[PDB]
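So this first bit is one chain, no partners, the form solved without this ligand, shown in structure tokens.
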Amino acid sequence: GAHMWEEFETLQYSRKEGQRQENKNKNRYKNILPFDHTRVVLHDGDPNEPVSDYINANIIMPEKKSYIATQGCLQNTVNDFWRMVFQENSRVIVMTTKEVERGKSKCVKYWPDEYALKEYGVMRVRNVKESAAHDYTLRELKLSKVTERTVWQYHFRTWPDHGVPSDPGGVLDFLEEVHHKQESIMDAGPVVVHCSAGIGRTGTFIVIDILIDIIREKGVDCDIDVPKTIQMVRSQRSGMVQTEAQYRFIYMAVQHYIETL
């Protein structure tokens, strides 16, 4: 099933839109950019803005369920993030980082405090309830245009500031709750997943989720091919799964999941 036959090192498309002068301040890191062919294109922007269709985000389709892999918001991209969530009919957001980790900003707070509402450009967001579990906080957000829908933000608490979790139980319990939430909402859009740059932690979460979904359909007997699955996601956003520890964590998580069955 989940055995590692190949080493990480064996793993090692146009990005014109992300490269444009107008978009330079919308990227957290200057050379981590979305491929044109899978980027999320934002419609309905302010007509006073010559460039309003860009956010550093890609759709990931396994090849049902799909994902948006994106970076943590910048102060000047919070409004664009909520335009994306709205437009794509996303109902579940998976945040894999703290706002600040080791004194570096990873994500600007883009949600209001519990029992508050804020307007982010044309989007109104109400935080109606938070639930704080050992590994994560769930925020029940109500999003409307200033047309309401509940967006459930699963904010993982416990990822270490260095390396990866030493056991995958927390991530598996978290993913199982995400799975059931997504499946409870008729025709929900892609699950939004983010971390600082939107490639390392984000890629790790998405690849695990893809492989566990295969086991849900085909059962605990193979075929799983983790390198093939990583290559498949990397054709849709550059560099998904950044480190060897993330790569080992993927196999550990899938093996543990098989153990539960």
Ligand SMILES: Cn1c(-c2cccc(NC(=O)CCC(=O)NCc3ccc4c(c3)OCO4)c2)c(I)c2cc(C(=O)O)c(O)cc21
Second form
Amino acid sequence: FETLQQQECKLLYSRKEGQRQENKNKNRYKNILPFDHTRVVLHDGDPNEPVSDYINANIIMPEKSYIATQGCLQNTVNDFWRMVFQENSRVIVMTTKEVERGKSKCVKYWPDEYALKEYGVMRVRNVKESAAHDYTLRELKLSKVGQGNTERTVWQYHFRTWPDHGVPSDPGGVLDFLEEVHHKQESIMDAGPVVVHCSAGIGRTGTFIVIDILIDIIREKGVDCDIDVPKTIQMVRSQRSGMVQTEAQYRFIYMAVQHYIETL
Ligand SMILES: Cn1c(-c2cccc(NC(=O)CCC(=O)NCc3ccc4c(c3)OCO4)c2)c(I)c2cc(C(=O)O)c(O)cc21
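Could the form solved in complex with this ligand be given as well, to go with the form solved without this ligand?
After this comes the whole thing, all chains and molecules, with the earlier chain placed first.
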């Protein structure tokens, strides 16, 4: 893990946008930013706003795409749905609670069951909240106001059991969970990138995107194929820096992948 933490003593890519004054309070952590070449660009924003194209997120495509970004901020909730809509995403993976260890990891941006809110030009209708053990599945209807013909379902799997400290002592919950999200994403033909976030959108988020990428490998090739965790992390970090910030989260990806193979 350290042979890679060092490999980032310097960054091979530019993150000039996130620093612009106007995008200053559009990030949760001043130091965590998105590389200009992968970052999600937001079109069609309030023409009264100078910069409405920025959102702290990065398209992550294995080299099924993903979109890693931060947990919503009170002032970014509308930029968030604009991304969802613009990107045509149908699945959302919340990996953080709304407040861990007493602090705000993410702001609520989905309306209560049966309810319906409006975020800028976007409308969201929670048509039914179901809640299993490790997570809660919320069926949402997103659409741009003034145009109901654009409406589409956007399932939001909200993992809730992840410990405030450390990582799951066992990968079972994360695997059944991801397993669901996989098939759900597969059923929706022409869906956009799966979104996955957390406080900053790089640690825990990266742990999921990564585990999922490898498990997809094990579904296509078998339990025999070769898994290179370290080459994979570098692979995503080239699209978004910091993916996976701890050794424990690193070891998890390993225990995660093996376990899955055991299951098979
Ligand atoms: C572990 N970690 C860290 C991360 C990395 C380095 C340091 C910290 N620091 C801490 O606050 C822990 C300190 C502690 O012992 N508590 C006492 C305490 C807490 C809050 C207070 C306070 C005192 O005084 C005022 O406030 C967190 C990140 I960033 C991070 C991000 C993710 C992700 O998915 O995005 C993740 O899954 C894990 C992550």
